[PDB]
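Chemist: As a plain string of letters, each chain reads:
There are 4 protein chains.
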Amino acid sequence: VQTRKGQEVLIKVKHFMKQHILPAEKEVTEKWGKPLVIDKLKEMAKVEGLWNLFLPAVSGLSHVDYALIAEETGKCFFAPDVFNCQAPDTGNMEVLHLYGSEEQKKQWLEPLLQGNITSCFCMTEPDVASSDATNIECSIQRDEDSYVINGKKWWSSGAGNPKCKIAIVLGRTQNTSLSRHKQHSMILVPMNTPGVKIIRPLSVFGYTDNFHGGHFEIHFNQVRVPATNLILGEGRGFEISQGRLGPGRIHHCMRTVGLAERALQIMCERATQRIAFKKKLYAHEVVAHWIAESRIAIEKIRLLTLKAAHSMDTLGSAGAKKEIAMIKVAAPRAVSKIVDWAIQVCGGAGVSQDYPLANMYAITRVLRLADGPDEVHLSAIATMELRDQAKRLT
Amino acid sequence: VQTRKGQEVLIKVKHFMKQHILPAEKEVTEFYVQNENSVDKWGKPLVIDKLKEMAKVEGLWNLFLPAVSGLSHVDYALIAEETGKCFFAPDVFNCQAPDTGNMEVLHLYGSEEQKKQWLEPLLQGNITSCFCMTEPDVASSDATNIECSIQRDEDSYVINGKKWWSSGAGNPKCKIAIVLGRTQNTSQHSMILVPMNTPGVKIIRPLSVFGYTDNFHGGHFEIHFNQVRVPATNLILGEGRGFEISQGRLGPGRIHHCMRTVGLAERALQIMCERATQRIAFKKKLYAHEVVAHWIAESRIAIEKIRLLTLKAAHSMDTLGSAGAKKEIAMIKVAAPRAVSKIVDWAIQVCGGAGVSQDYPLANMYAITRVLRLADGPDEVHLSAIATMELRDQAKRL
Amino acid sequence: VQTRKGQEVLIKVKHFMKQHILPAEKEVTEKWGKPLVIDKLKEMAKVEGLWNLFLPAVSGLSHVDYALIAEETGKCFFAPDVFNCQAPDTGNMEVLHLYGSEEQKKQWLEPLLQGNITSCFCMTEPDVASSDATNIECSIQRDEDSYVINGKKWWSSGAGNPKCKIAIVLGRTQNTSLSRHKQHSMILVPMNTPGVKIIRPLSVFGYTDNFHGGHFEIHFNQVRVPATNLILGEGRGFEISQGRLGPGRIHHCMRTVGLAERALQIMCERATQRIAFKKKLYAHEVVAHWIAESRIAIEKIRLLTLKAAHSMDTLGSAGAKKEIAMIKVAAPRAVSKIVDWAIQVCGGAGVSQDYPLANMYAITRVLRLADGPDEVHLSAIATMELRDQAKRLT
Amino acid sequence: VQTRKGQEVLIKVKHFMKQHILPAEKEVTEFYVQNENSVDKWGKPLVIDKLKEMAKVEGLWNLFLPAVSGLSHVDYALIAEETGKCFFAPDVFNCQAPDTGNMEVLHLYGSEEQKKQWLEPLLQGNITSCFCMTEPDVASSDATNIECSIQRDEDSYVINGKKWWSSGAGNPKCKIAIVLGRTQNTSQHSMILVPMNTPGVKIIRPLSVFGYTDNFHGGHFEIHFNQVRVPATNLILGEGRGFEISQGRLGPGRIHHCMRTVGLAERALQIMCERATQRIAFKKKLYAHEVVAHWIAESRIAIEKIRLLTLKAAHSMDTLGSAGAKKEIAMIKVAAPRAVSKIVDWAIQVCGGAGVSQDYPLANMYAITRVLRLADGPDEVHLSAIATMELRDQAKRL
Ligand SMILES: Cc1cc2nc3c(=O)[nH]c(=O)nc-3n(CC(O)[C@H](O)[C@H](O)COP(=O)(O)OP(=O)(O)OC[C@H]3O[C@@H](n4cnc5c(N)ncnc54)[C@H](O)[C@@H]3O)c2cc1C
Ligand SMILES: Cc1cc2nc3c(=O)[nH]c(=O)nc-3n(CC(O)[C@H](O)[C@H](O)COP(=O)(O)OP(=O)(O)OC[C@H]3O[C@@H](n4cnc5c(N)ncnc54)[C@H](O)[C@@H]3O)c2cc1C
Ligand SMILES: Cc1cc2nc3c(=O)[nH]c(=O)nc-3n(CC(O)[C@H](O)[C@H](O)COP(=O)(O)OP(=O)(O)OC[C@H]3O[C@@H](n4cnc5c(N)ncnc54)[C@H](O)[C@@H]3O)c2cc1C
Ligand SMILES: Cc1cc2nc3c(=O)[nH]c(=O)nc-3n(CC(O)[C@H](O)[C@H](O)COP(=O)(O)OP(=O)(O)OC[C@H]3O[C@@H](n4cnc5c(N)ncnc54)[C@H](O)[C@@H]3O)c2cc1C
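Residue numbers (my numbering), protein chains in the order written: chain A, 1167 to 1560; chain B, 102 to 499; chain C, 1167 to 1560; chain D, 102 to 499.
The following block holds chain A by itself, in its conformation from the complex:
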């Protein structure tokens, strides 16, 4: 099931969580960068080797092994960072790991693995429906030695971070000899390149997410980068984005299971601390049944997350397409519902700064959109099902 290394590392992560991270929550909870405790915590994690756990080729962990670890990190908003496991940097690391040239890795992959710099992924554009990636019009043109980039991007997570020195950008390479689906490319763009302008931060229900901060509109005004900044090859844009978003999708879902287990904990502590109409709240059967329904949902999605991870292990993330889609739909909406019941049990306190539930709700709502909206994944599953259904009849 789990590997022996996987079991040991999980045990180590749990200890670290209980003994260092969680005791630091109060303070960290109570400007687009991170307080010094985050740094001391990172250093400690490095020493005990709890670092880059998300990357098999470095961690020596299977995706099954990591799922249980990632679940644990999901119980705390700054946990993934401490182990260098946070988005959008994990996906960006994977992109370079799988497709980067040797020069590209020496320059960017190494610093990222070290936690020296951060990065942002730039795909979504305000002026076009970006859920259909073929709509992307951010222009990339080629003169002999270099590429010129022009366009608008938004929702770039993490751009506010002064350490964010590098951007991975998806654009159109208009080419008349290639087909409609081979019209896009991925290119490295250093944040300090002339013509790169960060315009404004974007809120999520009036959170700005300063801590991971944040989410930005970035314009690309005549930016020139060396041809050697292109990733893999011209026309390979969609391929690379599929390569990175597969893990991206699954890491978010693993974390969500931990999020949910935290919500249900908060829900039960609360339902026992409050007397209304001469009964503790858990004695009102409707509240009881929310607790129960939440337990059922968590088990279902943890299992479906594990199934997906196990597919990746044995098929690679392309071959696990269907299972990743399934968990990407299931997880955020189920956990969203759990958080919302938890908020309801907490009364007015549920929407307040006094609990982490309102934040938790914002995170889960957004995951029905980020890394691809539910509806898009559902259509992909329907297509895939109808193919498999056709196969079994041949």
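Simulated from the structure, these hints should not be mistaken for lab results. Heads up, a few of these hints could be off.
For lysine to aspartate or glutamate, the following EDC-like pairs were computed, each having C-alpha atoms within a straight-line distance of at most 16 Å [stated by the list, open to error]:
no., chain 1, residue 1, chain 2, residue 2
1, B, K497, C, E1435
2, A, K1444, C, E1451
3, D, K428, A, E1459
4, A, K1446, B, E481
5, D, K386, C, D1293
6, C, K1487, C, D1554
7, C, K1241, C, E1451
8, A, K1557, D, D243
9, A, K1446, B, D238
10, C, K1445, D, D243
11, A, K1331, A, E1276
12, C, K1446, A, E1451
13, C, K1557, B, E367
Once you have looked at the hints, place chains B, C and D with the ligands on chain A.
Modeler: Showing chains B, C and D with the ligands alone in chain A's frame:
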């Protein structure tokens, strides 16, 4: 069936909304945006004042109060629906919460002195008020849990307790508080007027809703009551009458929120359809993706259902009073917030990432509806009351 | 609101229900025709004038007036018949009333109004998706004096009834000079015409519905009818079906409100007669909340039914298109849910012959399909909404 | 992780299903159809017998019982899923309810004489049995309500009471009943073997499920117990042990139903996709209407969820026993029937009018799943148990 006056005033409100209020939205929003989460800005820009004055001149003012407006509850429901389409519209006609409820409490139960002193300034929009019932340390959905102490020595009352979620306390104009506390007796609760500048009243901190502080109506505060002494004549109606008065005020409170919510929904669906026609994904406009189409249709169905149920309730209040319409108010209080919540959430989804952003009012709209499943009584509590009432009526008929 | 006549007639229907119909339920409940009591009951209704109430031009009732009456009939499975208000005969009467020639009315409309014969509507075909009416391929061809009909029809309700002497049939009149949407016609076909063959009955969850009996596959094998049997004109098929199904749709929904009010009654009687875990069942809060949710749903749909009726009164059934669609979607699924909770409260008894809930569930499930499936109505509403939404911006 | 034997036997079952069982479905159905609602036909056509014999020869028999099959619960779950795709498949491998539960009750608690007399013939498929717990006159979901009287005079027991929903009683082979009654004592319930031919046992009437009588497994009966006398040695295990034994049997009962339901669902989704490709409406195949597409996708998601949760539960039973897996069995008992119910209902909708007709197995499939939200314990009861267990585990960890 609407009244003739009701029809005329509705027409007037529509012609004010289109011609004055809505064209001011762009600017008022730019003000709301810059001041959200401000430590110190809890009031309104001058346009709100100019707008209020204009409304006074045309008589569009205090429309929510029959004994002043000469309007039925049915008449107002349609009007309030229209105000719901803009976050500052109810204020312009002096129809905003928590002030409408507080005014009604004084109108029905206030002594002549109490009215002359507080009801009058509120009716002019000179001051504002806040209602103080909810307490952090006890489950306040069961009102009998309220422990905020009220004790009596001859000429006065002494008040000690904690209150929170007091809406509007941050606005400097908020000079008066209506408070619910325990008056221990044999053989438990009272409502009392407390001026905000009374020694011992301390405003502790603002409270956020998904990280919105609601500065514009601002906002929602924890208030402590530390040995505050008020005149015995500040008591409303009588000792032991707390629950009665809160029922008296929250009935309309509940229904006014629902009426506004119908307008909120209609606005979401408009935003949803404009958007669904402006975006091409996978070689179609988004409304051509049948799943989106069916959210539009499901929305229309839900609005019609809840508008009618709002009207049914209003019509009950007209012919039964708000005590006799208990059941119908409960029904709409449950139905409306959750339905419109769902409509807003689909509208957000249709808008993509923009739907949670500051570029649309949907994220705010969602927060408002979410909070209405809690404020003025949580769904679960109203459901239980309906079940009890249903089983009584069910017993009656057999 | 209601008219004075409407109020009086409702009062009369309630009395009749309580005093004659309902006391007969036991027996009628405890072969495709009806027992003699049904006949004696019909005769009594005629004498007191409680007959054809569904038809304004005869009853002098508004659609609002009838909605409340139809609601009352919905509380008993044989009630609509007693007042001559049952489908498919009401729709068939309306079709002749609005579009029949004088000869056609003298021959068919009169007997039906009298309750002497019954009729069936034949639109749905097994071999094509009949929810898109343009798919209908049942052939209608013309030689000089007469029409020849060839095709298959199924789900013809009431065909088993020995009194069913007449069929209203929707077929294709292939005509090269008309457009795709003008290719269909409606034609009267007497059941005893050579070439008309009733093939087999169809069950609904293994009910055959003998009482209204039933639902049949009918084949049309070279049937010849006089040209004067055509309704209104060649090419007008869709128009006539819209003309008849509008009321059809709304009458079914009115009846459903009464059905629901019966289910909730059964649910509450039961929830008070049963002690489980030391409490009556209504004291288990989850059961309480089903009762409450059911009350809420009934009020919503009764109101939406009334809104629809009131539109018909003031706009005609074409102009009320949108409101009829809205209630057609809302009603059957909501009431379906109420019946299903009622079944759950009744335990094993809920699915049994000992209650009318299992039948009630079958009726409501089927109304999500008959007179047009939910999905089709939802699409129509979306189209209409987007038009109205466009209007308000001009 | 499956065992090697488990893998081999699964392969065999698949190769029997495709080659013998499924090709017999057409005919067996024609038999089911003609005999549904028959007053007097409660047994099975001869092909079922030939099929049973063939299975015996290849060893595909009693697969549900580890101590005989040598299979783990995980191993069987996959097998039972396969049986679920055909209404007569579990019988062919002697894996049908209520007989599997009754066999387990004797296997775990039966005395040597009891086994030799009843367990043996059942294991051969010579006789059948029925379980008698539910009583019409009391809410039987709370087992302590059972009033069916059992009294003791020296050498024997006297039984008086009403029972209903006794599945299979109509089949002539049903020679034995396992009965739960009250043994009044201080300081309440017992299980007792009752042969069907005992004087005083009267089968009253069959019960329908949406007007299906279930003749094939036939069927479900009300049985009265009018002064029936049995030997004291007919008691199972001991006086006072009723609840224990019912828990002992219903644990597997619950889980076997769920495993079969996964196969039921997979069959619905297959029917749904074949249909959605065979019908053109509004110029598209039905799967091209995005709403239908999303029901297909939602179905796939639900199946994977419940299969995994079934496997999790099975794996618990393997490592904890069925008492120690209480929680996980409860979870799957709630989750499975309602999810698959929804899948079947969407499949019906996709099929149009045909979906409620005798031309498809969907209407039957719906009835089966609906009944599983009641049988072996209603959802609501299992939900409450989960809540209680969750709050205990939640207390443990803190
Ligand atoms: C907190 C947050 C962080 C983000 N971080 C990043 C980032 O780091 N990098 C980045 O490139 N982007 C990022 N995004 C944005 C993002 O991923 C997109 O918003 C998402 O992919 C949808 O793009 P869109 O806003 O253009 O929606 P649109 O393309 O305009 O579509 C909007 C809605 O249409 C519907 N829809 C689309 N197609 C179909 C269909 N076939 N059938 C039925 N319905 C359909 C969906 O409901 C969809 O949400 C982030 C977004 C949020 C909220
Ligand atoms: C934006 C906002 C503005 C507000 N403004 C005001 C104001 O102006 N004045 C004021 O006095 N208060 C105000 N409040 C707060 C308020 O009304 C309460 O939060 C709410 O009514 C319940 O109080 P509580 O937090 O104590 O919930 P609790 O009483 O602790 O109960 C918590 C949860 O238990 C559940 N529950 C309770 N009883 C039952 C039952 N019998 N059966 C099943 N479930 C049950 C409910 O789901 C409930 O939400 C405001 C709140 C918000 C969010
Ligand atoms: C109890 C009962 C009585 C009946 N009585 C009559 C009668 O008296 N006369 C008569 O002519 N018919 C009658 N019918 C049948 C009937 O009305 C049809 O079955 C219904 O119109 C659908 O036709 P169909 O069976 O061909 O479904 P299909 O056309 O093959 O379509 C099946 C399913 O496709 C889906 N669908 C269709 N279009 C869309 C879309 N645009 N988008 C998304 N989903 C879509 C729906 O879910 C639909 O149900 C009766 C049916 C029942 C169950
Ligand atoms: C097809 C079929 C086959 C069957 N076969 C058998 C058999 O072979 N042997 C046998 O002994 N029985 C059998 N039964 C019947 C059976 O199991 C019962 O019907 C069921 O377990 C409950 O019994 P009841 O009808 O008395 O429901 P009740 O006990 O009267 O309770 C009714 C409803 O109340 C609700 N409820 C109960 N407790 C609570 C609570 N604490 N909180 C909230 N809600 C609550 C539930 O929703 C429940 O369904 C069969 C039933 C069917 C439909």
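Chemist: Now tell me if each hint is right for this structure.
Modeler: Against the structure, the hints:
A distance of roughly 12 Å separates the Cα atoms of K497(B) and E1435(C); the hinted pair therefore holds under the 16 Å criterion. A distance of roughly 15 Å separates the Cα atoms of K1444(A) and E1451(C); the hinted pair therefore holds under the 16 Å criterion. Distance check on the hinted pair: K428(D) and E1459(A) sit about 13 Å apart at the alpha-carbon level, within 16 Å; holds. Taken as a hint, the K1446(A) and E481(B) pair is honoured in the structure, with Cα atoms around 15 Å apart against an allowance of 16 Å.
A distance of roughly 14 Å separates the Cα atoms of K386(D) and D1293(C); the hinted pair therefore holds under the 16 Å criterion. Between the alpha carbons of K1487(C) and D1554(C) the distance comes to roughly 13 Å, so the proposed pair stays at or under 16 Å and holds. Among the hinted pairs, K1241(C) with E1451(C) is inconsistent with the structure: their alpha-carbon atoms are about 27 Å apart, more than 16 Å. Restraint check for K1557(A) and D243(D): the C-alpha separation of about 48 Å exceeds 16 Å, so the hint is violated.
As the CA atoms of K1446(A) and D238(B) are separated by approximately 14 Å, the hinted pair is consistent with the 16 Å bound. Between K1445(C) and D243(D), the direct Cα distance comes to roughly 11 Å. Compliance with the 16 Å bound is thereby established for this hinted pair. Our distance criterion of 16 Å between C-alpha atoms is met by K1331(A) and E1276(A), whose separation comes to about 13 Å. Using a Cα cut-off of 16 Å, the hinted pair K1446(C) and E1451(A) holds, with the two alpha carbons roughly 14 Å apart.
Straight-line distance between C-alpha atoms of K1557(C) and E367(B) comes to about 15 Å, which keeps the hinted pair within the 16 Å bound.
This entry does not satisfy hints 7 and 8, going by the numbered hints stated previously.
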